[PDB]
Amino acid sequence: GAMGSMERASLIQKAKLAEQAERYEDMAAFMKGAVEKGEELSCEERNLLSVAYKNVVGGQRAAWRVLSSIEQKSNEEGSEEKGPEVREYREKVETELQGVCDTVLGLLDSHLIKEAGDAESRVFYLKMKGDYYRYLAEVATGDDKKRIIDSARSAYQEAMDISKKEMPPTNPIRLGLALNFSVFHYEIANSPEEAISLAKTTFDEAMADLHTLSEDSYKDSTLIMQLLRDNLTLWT
Amino acid sequence: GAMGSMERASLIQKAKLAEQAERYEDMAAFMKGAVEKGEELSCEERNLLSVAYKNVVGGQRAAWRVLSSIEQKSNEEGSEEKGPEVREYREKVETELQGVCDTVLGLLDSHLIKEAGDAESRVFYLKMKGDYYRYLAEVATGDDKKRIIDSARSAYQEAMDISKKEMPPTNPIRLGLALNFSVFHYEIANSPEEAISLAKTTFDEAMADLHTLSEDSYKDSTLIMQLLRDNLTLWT
Amino acid sequence: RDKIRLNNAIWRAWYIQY
Amino acid sequence: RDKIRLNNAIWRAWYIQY
Ligand SMILES: O=C(COc1ccccc1P(=O)(O)O)NCC(F)(F)c1cccc(F)c1
Ligand SMILES: O=C(COc1ccccc1P(=O)(O)O)NCC(F)(F)c1cccc(F)c1
Ligand SMILES: [Mg+2]
Ligand SMILES: [Mg+2]
Ligand SMILES: [Mg+2]
Ligand SMILES: [Mg+2]
Ligand SMILES: [Mg+2]
Ligand SMILES: [Mg+2]
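Protein chains in written order, with the deposited numbering: chain A, -4 to 231; chain A', -4 to 231; chain B, 117 to 134; chain B', 117 to 134. A prime marks a further copy of an entry chain.
Careful, some of the hints might be misleading.
Derived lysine-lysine pairs resembling DSSO-like cross-links, with alpha carbons at most 30 Å apart [as the list claims (entries may be wrong)]:
#  : chain 1 : residue 1 : chain 2 : residue 2
1  : A       : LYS77     : A       : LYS109
2  : A       : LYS87     : A'      : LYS49
3  : A       : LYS141    : A       : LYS159
4  : A       : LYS195    : A       : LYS11
5  : A'      : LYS214    : A       : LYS49
6  : A       : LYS140    : B'      : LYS119
7  : A       : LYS11     : A'      : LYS32
8  : A       : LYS87     : A       : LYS195
9  : A       : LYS77     : A'      : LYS77
10 : A'      : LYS11     : B       : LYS119
11 : A       : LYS141    : A       : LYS160
12 : A'      : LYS214    : A'      : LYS159
13 : A       : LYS32     : A'      : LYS77
14 : A'      : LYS87     : A'      : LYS68
15 : A       : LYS214    : B       : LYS119
16 : A'      : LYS141    : A       : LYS87
17 : A       : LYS77     : A'      : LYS11
18 : A       : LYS11     : A       : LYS214
19 : A'      : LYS49     : A       : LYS77
20 : A       : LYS11     : A       : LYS68
21 : A       : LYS11     : A'      : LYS77
22 : A       : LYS87     : A'      : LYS68
23 : A'      : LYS77     : A       : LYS49
24 : A'      : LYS77     : A       : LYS68
25 : B'      : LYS119    : A'      : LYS68
26 : A'      : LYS141    : A'      : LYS195
27 : A       : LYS49     : A       : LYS159
28 : A       : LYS11     : A       : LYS141
29 : A'      : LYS49     : A       : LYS11
30 : A'      : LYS87     : A       : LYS32
If you want the ones that stay clear, here's a sample from chain A, every Cβ over 10 Å from chain A', calculated [what the hints assert, rightly or not]:
#  : residue
31 : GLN15
32 : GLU80
33 : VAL134
Derived from the structure by calculation, the hints contain no laboratory data.
Beta carbons are placed, not taken as given, at the ideal position from N, Cα and C, and that holds for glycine.
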């Protein structure tokens, strides 16, 4: 692509600069460039990858939600419908969101999941796979929707299996995965009981083995634990 | 362009939707589409135009400033310079900023300034001309810089002449123009005395004829008056 | 941290509401 | 309004400082 001639170390550096300037589109493009060099990502680089695309798609999702809400105060017919304009723009945002999701899932399949080594690394990418399928599911319909939901679930479940075998119960990747998988249960798979069950199990097992989080990431761990308890507060 | 087949009324509508979703790039593109239909903009439409591009270029400026500041904590030589990466990315942002400025100035010249009627409308576009030249000046150098500074000043000054002849001293376009022209004096033309002079004159004349602001825009007026006093606080 | 938490709460509540 | 004012102050101060 456009990043082919630039050194891998320069791409990482510029992604960090883009993060500082909150240019998440550029950040993503620099990290896509780095991933395409064909070498493993370290812990720090994987996080830069995730931060970039989560923020790109998060923006598209928030716009999608604004348009959807507007659209559904004035879809309820009988009153004024302004014509196709709201639907048209929402569909535009959707297509763009679909594009970015398709990109991340392509990098993951070609080839982050392939050439991972760490149990940590396999889980991190399988969790990402789950997430970007989940984002596709939020706006998809019909047969495409069912394909996507089973793809997300298949990725999440394999990530969880490995994580339960290979990672302490306070590991932040383990925790972040369970958090997001429980969100999938609630918001995508129409299984709120299984969402609550997972979130509570995850929190309680974290507490029971609190002695296991590490000097490097305990701050990440405690925040996700708090996020789990907040969702539980909301969902019960 | 890409907006050629879409109805003018649909473009305006979608610009308003883009504003709500904070998609200022799309907002700008919809308004560029509307402007290209070749009809005058109303008061409301001119403001949508301004909001879109001010926010697009404001984003680029903030990124430029972040990169510039980073660059100038680690340009002061003797220590580590990481190579060309910070300059390279800053130059990229600059080029993009220059592009958007060149677009706005093109619309204004082809053809918003041409076919204006209102004294209000002429002032509004000549003020915009001043602003987008000012933004170019912040990052320009050499002979190009001097050309740009004289272009901004020429636009600002003509806007002021008309405004003093045609608009009450509390008119928000009049006030916003003087505010920005005083900022130009301070930040671009290296004339801080002339900046302070203008800002104080503008505020005092507004107060002396307070009875003139209108039921439609007094909220806009009082805010710019407060902005004038804040800059004065900063500059003295 | 509390900003992160509040944003999360708003996003998750959105789904419940709409 | 006060948000608008604070942002303006930060932007203008940036130039003075740097
Ligand atoms: O605040 C939210 C709301 O939802 C999102 C918003 C933007 C992007 C992605 C999401 P999501 O649907 O994947 O959760 N989520 C929590 C978090 F930001 F992802 C998160 C997870 C783990 C640790 C954190 F410190 C933060
Ligand atoms: O807050 C600022 C800082 O500077 C900017 C930031 C982004 C875009 C453009 C500018 P500027 O250099 O043109 O002022 N400016 C004041 C204002 F936002 F433009 C403004 C003017 C009149 C009335 C307002 F309610 C607000
Ligand atoms: Mg090489
Ligand atoms: Mg669609
Ligand atoms: Mg188990
Ligand atoms: Mg026509
Ligand atoms: Mg340049
Ligand atoms: Mg005079």
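Would you pick out the hints that fail for this structure and give their numbers low to high?
1, 4, 5, 6, 7, 8, 9, 16, 20, 22, 24, 28, 31, 32
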